[PDB]
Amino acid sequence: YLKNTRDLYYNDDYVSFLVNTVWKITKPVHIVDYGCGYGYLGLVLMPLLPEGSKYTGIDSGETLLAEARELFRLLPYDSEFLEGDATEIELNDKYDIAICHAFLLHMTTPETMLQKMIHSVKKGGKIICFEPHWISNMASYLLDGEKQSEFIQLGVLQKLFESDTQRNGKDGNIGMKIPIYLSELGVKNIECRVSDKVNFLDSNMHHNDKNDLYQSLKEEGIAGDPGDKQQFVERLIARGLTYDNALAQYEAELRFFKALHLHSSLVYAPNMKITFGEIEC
């Protein structure tokens, strides 16, 4: 969860740079995390934030909160978790910072949820959103020995993701849209940054770290088995793709699954998008 996921998307020194240099957080702050899951964003920022800071996570997963609480019980950070639907929870407090990680992409109406987070922030406070941008993520793959187009059909994926959003409303590319939504909502000093993280599975590095990276990469689902060909094609067709596009997609995922292994050389840049602004004081 931390030596894996976290380590795959952010360089801790870069996050520290964001906390001390860009955001310049010096005084302890009270932050609220929407859709905190097991407290991932807390395990990332709390260690870097000023001593005396308070972390508050919000989520509906009952068993989820149980793990989060047990996970933070051991840590020296003041943390609390509230059970409830983040889309309707009513907070009685105002926080210095409101954050969320890979949460807005699952909303059918991102703007509304953002409006809510904003309202829980005190004047002069900040809002930080860690959201992905699937399309730029997929385009950020390099596998020595294979042409990217062989195992990644950017065109099909580009149409696919655009379709899904057209339906349910979920946006896997919402990460680059946060700035726009934040603007329409009147947030000030808006700014977006890309996590500088780049994973490098070095075919010439022979150390446990290289092995550990491969393991992390696979536990994330990178280059997974596409499974039954028929089910795959059908499932995709039902999402707005044609039979040819879906087939090309299958063969692509199949190729990646068969091409990536511990001995390979892979360069991957998650391209996570970090957007933030200040609430007009």
Contents of the next structure:
2 protein chains.
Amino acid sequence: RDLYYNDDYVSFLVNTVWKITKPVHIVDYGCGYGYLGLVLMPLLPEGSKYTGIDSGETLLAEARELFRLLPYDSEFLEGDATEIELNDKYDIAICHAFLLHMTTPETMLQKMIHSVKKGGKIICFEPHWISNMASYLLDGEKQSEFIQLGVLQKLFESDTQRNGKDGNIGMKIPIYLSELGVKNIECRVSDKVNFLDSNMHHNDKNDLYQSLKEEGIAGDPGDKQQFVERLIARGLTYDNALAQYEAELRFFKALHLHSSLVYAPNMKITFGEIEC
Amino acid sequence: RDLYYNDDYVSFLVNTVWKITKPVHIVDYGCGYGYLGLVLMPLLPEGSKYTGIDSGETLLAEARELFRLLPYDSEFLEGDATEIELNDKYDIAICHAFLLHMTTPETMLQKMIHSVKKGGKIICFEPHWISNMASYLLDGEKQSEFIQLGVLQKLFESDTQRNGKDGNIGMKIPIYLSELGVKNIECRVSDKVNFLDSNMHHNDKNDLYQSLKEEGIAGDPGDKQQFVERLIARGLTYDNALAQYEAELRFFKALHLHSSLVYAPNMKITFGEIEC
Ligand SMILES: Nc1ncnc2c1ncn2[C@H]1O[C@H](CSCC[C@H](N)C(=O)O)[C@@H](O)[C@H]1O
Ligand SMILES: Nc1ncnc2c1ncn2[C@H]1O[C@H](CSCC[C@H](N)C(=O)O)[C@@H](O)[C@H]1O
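Since the one above is the form deposited without S-adenosyl-L-homocysteine, can you give the form deposited with S-adenosyl-L-homocysteine bound too?
Below is the entire complex, every chain and molecule, led by the chain shown above.
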């Protein structure tokens, strides 16, 4: 949450850009444990309703227990978002890091749109891995030493061509929304930038490091052979998978609590309106 | 201007993030024709003073004529920003796409800081070419086809190692500011995303295309031989310079008025405070 979005910036989107003043009925697809709800409900007009959809039974159990303690009206539906049939029309349909797992993104977006009432809105929070990866700066190390953008670029394109899952879908949402007839389409990059400051000595700096590691940043690549073979099987040559391995190994050994790291997740927020 | 920043987002930074309520005395280094002033003065408290510094005589002539028609108190000083000696202390020292042209960024930043009064602020608007380049999506084309991130990554790192000019300095400002003792350092990514919509048929869509081209997006690479030799001389191999050429040629031929393009300049806005 606090690693991808600034609290003040999300409030900016809600109150200034989207100008939401009246309570809204929102549906969140692939809500997980209700992340997007924990982010937006506090900023939405009092009286707003939050409905999350997810197939993970355990996830919904955590979500329910989590929102049980909150003063927000929230409900969670268990079911396959690609087949679930809703009976109501919502003011806003949203999702966070959901569409990138869909083999047929456009279709799922189509379904989300159909669940929105005329004059309603659709907001998608999706990542753009390639811009995310290019948004790294490690003091004392050349980016190309621990991040092979060229290899990553080919790798993410290959995976998408295979199963269909698009890790860079965040920048394509505007186009999918356009083809689907959505109006007033606009995309925005979360303004969030994380800065692990080597000269900041405070508990907050230590907490940021913990969050970074819990997110898997600069994780151990593991067994070299399994790694190279795993990548080669995804559409990469041997010299590419190797360069990638040595790159990840370098990052694993270079990053530590005392380091200076600047990172902008580059999350993509696309929204548009449903033709009245 | 409108290609790199959203009007509402800049106002957000001024009023909500920086919370500037009292009129401020700001100095802009390498102001060019006064771009940053045309952007911030309208949003700053009435009574604010704008002072720009630049070595380009013609540039300052245009700036003066441009601000002559405006209701903002503005003055332009002609001189080398790396040697100019100011007699006053400013509330805020700023710059836009200036530090990337400095061979010794840290030193110039040091000078900017010295021109700021205790309790004052320093705001730097600098680019991050690599994240800018990775932030491209062209419908109907694979990013790796018209943009070689791997080559660009090596290329920009090489240039920096040579003359010292850093095209990716935007993400390093926080670190330079940290070493210089600046407090409350925070970086933000402009939330701007340009979307040339193939399904939008309106004069605004045509204007966006014009702006994109005037900025040099997808420009003709020119003579193949001169191009490859030019890059090789900058620290790249032959197979890299060639891949780069064919990449730029593809973009030049693929992008047109009817295309769907999504682009997030990824400008980096770093700011901090001078200890008082
Ligand atoms: N057909 C489907 N229906 C519902 N959920 C699905 C799905 N296919 C994949 N998912 C899932 O989609 C979610 C996306 S990952 C987590 C998303 C959540 N909004 C967050 O940002 O934390 C997972 O929790 C997982 O259960
Ligand atoms: N030592 C120096 N003193 C003043 N200007 C300098 C300089 N070294 C380079 N420059 C310049 O720095 C500027 C940076 S490019 C333009 C910056 C302007 N803020 C804009 O965004 O439009 C140029 O106008 C050029 O004149």
